[PDB]
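Asks: Single-letter residue listing:
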Amino acid sequence: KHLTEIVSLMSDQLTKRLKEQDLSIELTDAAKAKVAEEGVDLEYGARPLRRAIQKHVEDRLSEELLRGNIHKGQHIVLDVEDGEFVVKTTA
Amino acid sequence: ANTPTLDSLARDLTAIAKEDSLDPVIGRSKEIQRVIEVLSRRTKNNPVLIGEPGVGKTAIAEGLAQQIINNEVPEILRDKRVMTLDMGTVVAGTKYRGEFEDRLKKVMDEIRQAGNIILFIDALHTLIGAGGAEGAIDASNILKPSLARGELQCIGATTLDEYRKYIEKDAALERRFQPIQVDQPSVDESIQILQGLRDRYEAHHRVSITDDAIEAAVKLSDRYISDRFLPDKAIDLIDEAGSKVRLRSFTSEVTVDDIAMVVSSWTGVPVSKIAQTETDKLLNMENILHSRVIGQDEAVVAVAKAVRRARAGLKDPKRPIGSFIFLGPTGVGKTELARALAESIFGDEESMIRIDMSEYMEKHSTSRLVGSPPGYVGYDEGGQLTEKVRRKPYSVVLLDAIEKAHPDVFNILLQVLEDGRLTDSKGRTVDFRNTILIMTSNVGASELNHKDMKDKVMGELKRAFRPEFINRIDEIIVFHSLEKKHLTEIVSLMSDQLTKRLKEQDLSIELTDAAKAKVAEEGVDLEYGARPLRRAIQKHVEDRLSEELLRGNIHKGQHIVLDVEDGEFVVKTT
Amino acid sequence: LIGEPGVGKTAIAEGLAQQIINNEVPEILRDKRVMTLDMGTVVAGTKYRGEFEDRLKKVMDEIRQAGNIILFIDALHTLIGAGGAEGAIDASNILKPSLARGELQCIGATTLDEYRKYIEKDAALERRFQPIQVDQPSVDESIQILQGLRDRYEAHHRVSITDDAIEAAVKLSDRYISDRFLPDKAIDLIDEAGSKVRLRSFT
Amino acid sequence: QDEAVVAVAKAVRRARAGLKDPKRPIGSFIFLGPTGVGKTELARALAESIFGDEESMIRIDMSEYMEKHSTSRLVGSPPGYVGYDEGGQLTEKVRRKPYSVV
Amino acid sequence: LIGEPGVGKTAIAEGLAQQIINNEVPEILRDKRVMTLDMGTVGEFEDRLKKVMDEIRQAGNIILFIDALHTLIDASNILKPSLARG
Amino acid sequence: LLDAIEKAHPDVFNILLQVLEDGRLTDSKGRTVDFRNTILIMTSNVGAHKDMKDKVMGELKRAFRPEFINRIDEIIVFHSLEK
Ligand SMILES: Nc1ncnc2c1ncn2[C@@H]1O[C@H](COP(=O)(O)OP(=O)(O)O)[C@@H](O)[C@H]1O
Ligand SMILES: Nc1ncnc2c1ncn2[C@@H]1O[C@H](COP(=O)(O)OP(=O)(O)O)[C@@H](O)[C@H]1O
Ligand SMILES: Nc1ncnc2c1ncn2[C@@H]1O[C@H](COP(=O)(O)OP(=O)(O)O)[C@@H](O)[C@H]1O
Ligand SMILES: Nc1ncnc2c1ncn2[C@@H]1O[C@H](COP(=O)(O)OP(=O)(O)O)[C@@H](O)[C@H]1O
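Protein chains in written order, with the entry's author numbering: chain A, 717 to 807; chain B, 158 to 408, 469 to 665, 681 to 806; chain C, 206 to 408; chain D, 513 to 614; chain E, 206 to 247, 255 to 285, 295 to 307; chain F, 615 to 662, 682 to 716.
Among the hints, a few may not be true.
[Unchecked claim] Listed below are the simulated SDA-like cross-link pairs for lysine to any residue, each with C-alpha atoms no more than 20 Å apart in a straight line:
#1 B:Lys322 to D:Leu544
#2 E:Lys263 to E:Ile233
#3 B:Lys694 to A:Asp775
#4 C:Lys252 to B:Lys686
#5 B:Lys252 to C:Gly289
#6 F:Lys621 to B:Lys252
#7 C:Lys326 to B:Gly289
#8 B:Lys532 to A:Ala768
#9 B:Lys605 to F:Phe627
#10 B:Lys716 to B:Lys643
#11 A:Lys732 to D:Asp565
#12 A:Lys771 to B:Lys686
#13 B:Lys643 to D:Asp565
#14 E:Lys263 to B:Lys686
#15 B:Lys532 to A:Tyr760
#16 B:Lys532 to A:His718
[Stated by the list, open to error] If the Cβ cut is set under 10 Å, some of the chain C residues that face chain B in the computed set are:
#17 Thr251
#18 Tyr381
#19 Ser383
[As the list claims (entries may be wrong)] FRET-style restraints, in silico, Cβ to Cβ:
#20 A:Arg776 to B:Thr215: 47 to 55 Å
#21 B:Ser724 to E:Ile226: 51 to 59 Å
#22 D:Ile538 to B:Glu700: 28 to 36 Å
#23 F:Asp636 to C:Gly292: 35 to 43 Å
#24 F:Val626 to A:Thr805: 56 to 64 Å
Because the hints were derived from the structure by calculation, they are not lab data. For every residue, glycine included, the Cβ atom is placed at its ideal position computed from N, Cα and C.
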């Protein structure tokens with residue numbers, strides 16, 4: 717439970733920092749549950765989770781940015797529409 | 158009640174401030190107000206401006222002189238003359254018993270018969286040295302009795318480390334002076350600084366300055382110059398451009474190209490690297506790579522994608538740009554890729570800070586990396602890697618044979634991969650922000681279709697060292713099978729280099745691809761790395777030059793072609 | 206007056222002169238002139254062979270002949286090595302016999318560190334000098350000091366200082382200003398606050 | 513970690529109210545627990561909530577002080593030994609900024 | 206000008222005076238007399261040197277030259302100050 | 615002539631390596647000293682015929698880096714000492 721909570725918190729912090737570049741971004745809660753789904757408490761916590769949010773969210777946005785799809789001022793969400801990361805880009 | 162000597166040997170900021178000859182002072186409002194606040198006290202009015210050389214301490218003194226005449230002071234400083242003085246100009250002679258103390262007694266006697274002098278001493282860390290070192294009548298031992306009773310009023314201007322070193326004379330010197338820390342202005346602050354006085358250098362040089370010009374001046378002085386601060390660097394570039402444009406006008470507008478030109482002439486990077494690649498170096502960095510590097514194209518495109526991802530990205534600036542580990546055999550191109558990217562990232566690289574971790578074999582060997590404790594052997598400089606990066610904190614670190622580290626160093630490595638900026642020195646925190654940390658890995662050759685090698689090497693990393701460690705590292709760049717045709721290709725490249733060198737010496741050699749193939753087969757074995765090929769071509773060329781110059785069979789200026797037509801190297805000069 | 210720097214050695218000597226004028230001193234000490242013999246103002250204009258020790262000879266002869274004169278020396282540790290040259294008969298040696306015989310009536314003020322550095326180990330002149338150490342006033346003595354001194358700082362900043370503020374300045378300075386000493390550091394707080402308040406009143 | 517957070521907050525408000533013991537430090541804590549639970553992120557959280565840059569946090573990494581003679585790096589080396597003049601990697605750091613989080 | 210002895214550093218100042226006589230020099234530096242200093246021919257040397265400084269103040273077109281600048285800055298007593306004033 | 619180079623250390627070794635690369639050493643003032651017509655001859659005992686012809690390279694590539702070997706002009710080896 718605290719793990720999904722900290723997913724929410726890390727996403728909030730990430731959007732906070734991305735506001736430095738005037739980018740408007742959102743994370744669906746489904747993406748948050750999927751992201752936490754990789755992190756497990758069996759061995760240790762919150763390290764794999766932070767690296768996972770970083771990797772998936774940020775790298776995927778960079779991919780859909782250098783592919784030119786989005787510029788600043790646009791609205792973006794990373795959603796899980798089919799059971800896996802995908803970009804809806806509400807713009 | 159006038160001052161002959163003090164006016165003779167110390168410039169009067171107030172006088173030349175009346176004539177508006179003083180350049181403007183922009184910003185620094187909080188600092189100047191604090192200076193006035195300290196000057197308003199009754200017993201120790203003396204403030205000591207502590208900063209770095211070139212930050213604007215004397216600028217704060219000038220601004221104070223300005224505000225004095227411009228009815229800005231709170232009437233307790235109304236009509237008070239600020240006089241810059243330097244002890245070096247005072248001493249001027251030591252071979253005689255009491256000349257210097259006499260000059261300074263005269264100066265004190267003028268400060269008495271006046272109330273409006275507040276003597277601004279630059280670099281007063283040299284106020285304790287004069288005469289006898291620390292046991293005779295130096296400058297301080299005769300200033301202090303006057304300084305503590307408000308007899309004398311002062312404005313010192315030191316440097317931070319000089320304050321720390323020469324306030325160990327605490328007892329009087331510290332309490333006599335209140336520090337005012339002045340820090341070097343930021344980018345934007347400095348841009349506004351320049352925009353303050355562009356109409357001074359414009360009027361001096363009759364040249365027109367643009368706003369993007371000074372923006373580039375500031376950006377450049379930051380990126381490509383170190384060991385110098387602001388607004389010094391900025392105004393200096395601007396004035397150099399003004400002078401150079403004025404000259405070019407004889408045998469009327471400075472623009473960014475001129476700023477690039479002066480920074481290039483200063484540091485030594487060519488102008489094409491500075492200006493045109495400012496945001497397109499990542500655009501053609503893959504071109505640069507695949508030029509410098511031949512083979513492993515999948516690895517190089519992976520690296521390019523990663524570095525442009527981190528580059529045109531939102532990644533936390535704090536932590537280092539790129540953490541890549543190259544899995545592969547040795548001689549497959551590990552260093553060449555590094556030097557190439559660095560030459561493309563930090564143009565004209567000469568920057569790969571190579572460290573062989575196989576030399577740092579054991580546990581205590583890590584003290585060689587960071588440095589010894591204070592009370593131990595070899596402590597003064599030490600810090601191989603730490604001092605290396607402290608020198609130029611803008612480069613690409615390559616760490617050879619990451620495997621051979623005792624587990625004691627992996628801790629330091631992961632600390633670095635944890636936001637960099639590690640404090641692993643004798644009290645020095647080194648910053649790894651624009652750098653790129655790259656690690657030469659273990660063999661990893663046995664596993665080297682694509683996915684198969686991939687899962688294999690991942691398991692080999694699991695077994696080899698921590699999974700968390702690679703969870704820190706960004707990318708796994710795999711150096712695939714050894715060269716087969718890239719063999720002949722790199723022979724061709726090296727031989728192109730050597731043919732250029734031989735041509736500038738008034739000769740011309742053209743070795744056909746058959747001889748290239750023979751050199752390829754000889755030089756490097758299938759098991760062995762591709763490094764001895766350098767030696768192989770060196771030996772063949774030195775043999776041919778030795779024989780042909782010794783024998784005299786060939787004549788200079790006649791093109792030289794080598795072939796394997798007889799099964800051996802045959803030289804057909806004509 | 207061996208003691209730490211911000212303690213008030215010079216202040217003690219001045220208190221002695223003030224007592225001389227106020228007549229509080231004993232009859233034997235009544236009507237004497239405290240002089241502040243600086244070495245910087247002594248060794249100044251010589252640059253020759255026989256001028257520094259000449260000035261000092263004349264000074265000593267005046268003192269001996271003049272009936273009533275006390276000589277206060279800031280930074281006593283400068284007597285040693287003063288007239289440093291080829292001649293190298295420094296002030297410390299010209300005064301030594303006269304100091305011991307008792308005619309030249311000195312009052313030295315030094316700093317404990319300067320005492321141990323080069324008047325204690327390097328002189329063998331801590332014979333002609335009685336080391337009456339001076340050290341930090343107590344937390345309460347500092348309050349009495351500063352409150353007795355409050356009028357001058359009022360005058361200079363042209364404000365009024367509430368006595369609770371003086372108490373608070375001393376008590377705070379004691380807790381965390383560790384590097385300095387009283388009453389110097391307490392007075393520093395009062396003085397900077399006076400400057401800040403006057404400057405606020407201005408704007 | 514409501515327990516840890518409230519403990520820290522109580523400490524800092526004892527300090528900032530006029531009640532803390534003027535002799536000994538603001539507060540001392542030992543943060544036990546598994547790897548990755550956030551017991552280092554609380555330190556940054558605290559320095560940020562109490563200061564600005566959050567780099568005022570004076571941090572020592574006891575993974576390097578294992579050789580038991582490095583203790584002469586916290587306090588300087590003795591007098592007649594190398595590195596006597598610049599002594600106190602920890603001591604001077606704290607002497608500069610006395611209101612800080614070690 | 207930094208260089209080893211005999212490399213022709215003063216030759217550069219000489220060729221500079223040459224290009225000054227010609228038109229290669231721009232206008233701001235036009236009308237500039239380059240001189241030197243004879244420490245021998247100049255109690256009273258300070259008087260003469262201060263007089264020299266008066267004449268420097270008179271016409272601001274006298275680019276002076278100094279060989280062995282370190283051992284010169295004596296004269297520093299009024300040169301280094303006069304440098305600051307300009 | 616450098617004798618007992620084996621007694622050197624990887625730092626002075628890297629120093630002399632970049633020298634052998636260009637001769638340009640810069641010590642105590644950044645003095646760009648030139649190595650125009652100097653000779654660099656290093657002397658040591660890694661040996662201590683053909684089997685020796687192999688062991689020499691063995692202990693060279695085994696005692697220090699191969700790049701320093703690769704800055705070869707020529708390698709002079711004499712094994713027999715009595716005749
Ligand atoms: N706010 C400012 N106003 C005026 N000049 C400035 C300002 N900031 C930087 N400078 C320039 O920086 C240069 C060096 O500053 P200065 O204080 O003389 O360095 P230092 O601190 O070593 O004396 C001066 O030429 C000054 O004109
Ligand atoms: N992909 C490549 N493109 C061009 N040259 C290469 C490539 N791979 C290897 N080389 C050659 O290999 C040599 C580098 O050897 P080195 O980097 O010392 O090997 P290692 O990295 O194993 O120590 C260079 O001369 C370089 O020309
Ligand atoms: N409750 C939490 N709130 C915020 N960040 C947390 C939390 N728990 C863990 N983290 C994150 O996990 C890491 C903290 O683990 P840490 O205490 O450093 O573990 P250890 O020191 O045992 O390796 C940081 O990356 C931090 O941001
Ligand atoms: N570039 C040059 N062209 C012509 N003559 C030169 C040049 N460089 C040096 N010289 C000669 O060097 C001689 C004097 O050198 P000088 O400048 O006095 O050495 P230094 O710089 O050590 O004082 C002169 O005769 C001058 O002609």
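Asks: Now look at each hint and say whether the structure bears it out.
Replies: Structure-based check of each hint:
| no. | hint | in the structure |
| --- | --- | --- |
| 1 | B:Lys322 to D:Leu544 | violated, 41 Å |
| 2 | E:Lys263 to E:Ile233 | violated, 26 Å |
| 3 | B:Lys694 to A:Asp775 | violated, 24 Å |
| 4 | C:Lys252 to B:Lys686 | violated, 85 Å |
| 5 | B:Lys252 to C:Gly289 | holds, 11 Å |
| 6 | F:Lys621 to B:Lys252 | violated, 50 Å |
| 7 | C:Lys326 to B:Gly289 | holds, 18 Å |
| 8 | B:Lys532 to A:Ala768 | holds, 14 Å |
| 9 | B:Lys605 to F:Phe627 | holds, 17 Å |
| 10 | B:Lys716 to B:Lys643 | violated, 49 Å |
| 11 | A:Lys732 to D:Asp565 | holds, 17 Å |
| 12 | A:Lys771 to B:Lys686 | holds, 19 Å |
| 13 | B:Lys643 to D:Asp565 | violated, 23 Å |
| 14 | E:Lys263 to B:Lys686 | violated, 85 Å |
| 15 | B:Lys532 to A:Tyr760 | violated, 25 Å |
| 16 | B:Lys532 to A:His718 | violated, 26 Å |
| 17 | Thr251 | holds, 5 Å |
| 18 | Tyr381 | violated, 17 Å |
| 19 | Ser383 | violated, 12 Å |
| 20 | A:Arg776 to B:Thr215: 47 to 55 Å | holds, 52 Å |
| 21 | B:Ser724 to E:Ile226: 51 to 59 Å | holds, 57 Å |
| 22 | D:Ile538 to B:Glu700: 28 to 36 Å | holds, 34 Å |
| 23 | F:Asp636 to C:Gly292: 35 to 43 Å | violated, 57 Å |
| 24 | F:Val626 to A:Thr805: 56 to 64 Å | holds, 60 Å |
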